[PDB]
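This document opens with one chain alone, in structure tokens, the form deposited in one PDB entry.
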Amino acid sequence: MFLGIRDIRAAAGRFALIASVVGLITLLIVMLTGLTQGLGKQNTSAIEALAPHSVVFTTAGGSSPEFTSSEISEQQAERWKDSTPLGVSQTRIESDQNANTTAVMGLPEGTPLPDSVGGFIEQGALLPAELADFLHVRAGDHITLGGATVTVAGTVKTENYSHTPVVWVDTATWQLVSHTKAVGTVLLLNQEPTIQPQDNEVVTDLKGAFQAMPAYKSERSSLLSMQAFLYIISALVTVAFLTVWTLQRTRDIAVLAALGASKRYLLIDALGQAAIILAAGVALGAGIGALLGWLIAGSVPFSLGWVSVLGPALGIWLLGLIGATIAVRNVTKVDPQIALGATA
């Protein structure tokens, strides 16, 4: 580690240059990851916001649960205690001056809404502010929702189902606009099911509940493809590139080898140096990630946890160390006389 750490003292300019390249790539991952995780929540942010533990569906013939084909009968609702019935519909919303199709979620009156969304379920419809502005309506107006006249009870913030903002209505209203005697589409369990379900019922955890959203499956393919190519290419770009960088030391490694440096000494020196520079690069790249990302998450959907900033960061940190290992190995492999020859 003796030579390794002073190579940095002696040309901080070129080590800043190299840390930039690592930070730039870490930054590319963290924003592209958070930008596509944002696109994913265009289908799922509403149900996650409600934070259910398990969620009961309804099927026939043991099929896959589908949000478009599940209904909770009123007797079904009285059975499962500690449960809240949720209605999910997509329907036409129509004001005097404009219209749209939007997602309508229905809960029993007085249900506290997730803090991601305004306040409490009231009688009538709670519109996202952006949908209210689009329709040019305020609290008090009338709209047509699913062919039915509904009163705008107030505005709230936006959560999403199947790429539309969600309008929040009381179960009786949701029944009216979706034309059904059912009290909901699923039942939200906030603790964990203590009772077992029948042959046509199916309990699912929140992860699998998205498998039941059609807009989700038919695009989850496209998002995984992006996150796949991004990491695969990044990995190879990073590995290949730490090799090209470490190779610029072949000659001083060759000289140390000639004097008697063991390959362990040389590899420790090499990744000791690489560990320091890569640490800086990913730390700042992930730093500028969170700040830039938090800064932009008001105008563009940008979801990003902490396994998605530090997950990539250490991913690059070790991928870079193997790239450095590749280089040091291809020099120490050879008798030192040849390594001293490949240098001028």
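Numbering follows the first chain given and starts at 1. C-alpha atoms forming the largest set that superposes within 1.5 Å between two forms make up the rigid core. Compared with the form deposited in another entry:
After superposing the rigid core, the C-alpha of residue 245 moves by 2 Å or more between these two forms. The Cα shift for residue 195 between these two forms, taken after rigid core superposition, is smaller than 2 angstroms.
Residue 283: CA moves 2 Å or more between these two forms after rigid-core fitting.
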The other form holds:
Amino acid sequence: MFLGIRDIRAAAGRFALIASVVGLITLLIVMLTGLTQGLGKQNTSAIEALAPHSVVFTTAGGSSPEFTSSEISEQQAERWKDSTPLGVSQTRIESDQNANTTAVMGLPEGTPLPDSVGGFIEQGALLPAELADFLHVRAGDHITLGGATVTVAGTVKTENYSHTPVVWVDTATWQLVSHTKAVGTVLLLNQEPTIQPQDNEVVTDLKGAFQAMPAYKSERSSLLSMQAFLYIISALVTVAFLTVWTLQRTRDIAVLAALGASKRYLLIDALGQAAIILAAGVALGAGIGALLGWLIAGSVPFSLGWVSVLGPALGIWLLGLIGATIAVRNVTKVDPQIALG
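Alt. form deposited in another entry, vs. the form deposited in one PDB entry above:
Left out here are the partners and the other molecules; the chain alone remains.
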């Protein structure tokens, strides 16, 4: 580890180029990670906040369930005991001052809302605080919700469904706004289902309830594959650079081998140098990443935590160490007779 560290000192140039490459890849991965978690919470935060155990859908032609096409009839709700119907629709909201499209979720009157959302389902519509400010509306003002006049029951926090904030209404109001005889679009089950489901019904886990949302699976899947290529590219870049680079050092390694340096010593030296270089690159990438992400998290959906910056950071660095050992394997094969030449 002695020679390895001072090689880095005396040739900071060569390593700056390669560490920058590792830093960019980590920067992209850290920011791509933040963006995929942000988009995922943009699609699921409301359902996930409600935290159901299973979710009962309705299908047509025995196809996979879709939140865009499922409805639960009143009888269907009485069938599943100890469970409430959740209606999910997206429609236009119009105030005297402004308008926009938003998601509307409807639950039976009095059902307590998740602490993420707080409050409890009241008669009328509970608007997200940011949405009420946009519309210059205050609690108690009339608003046009899906072509029907509804009273603003109060303000709430924002959860999301299909890139839209959720307006929470009582099951009766949701029926008027979505123009349906159904009591909801799905059935939320918090306990494990003890009844076996019907031909048109289908039970799903919380995760599977997300894949029934139209945009979610098809866009998270594409983002995850991109992340996989990025992690793979990082490993290959390190291996490619480090194989060529360790070959550059054969002469100095041969001199140490001739002097008596053990194989363990040479392998530790080489891997130590790579570990420092990869650490530098990954730290700078994730540093710049969290900063740029925090700087952008207002214009683009971006989830920024410790696990979402350091998880990928540590993953990339460990891939680099595995890659590095692959590239450094040949430091123990250097014949010491290369030093007598």
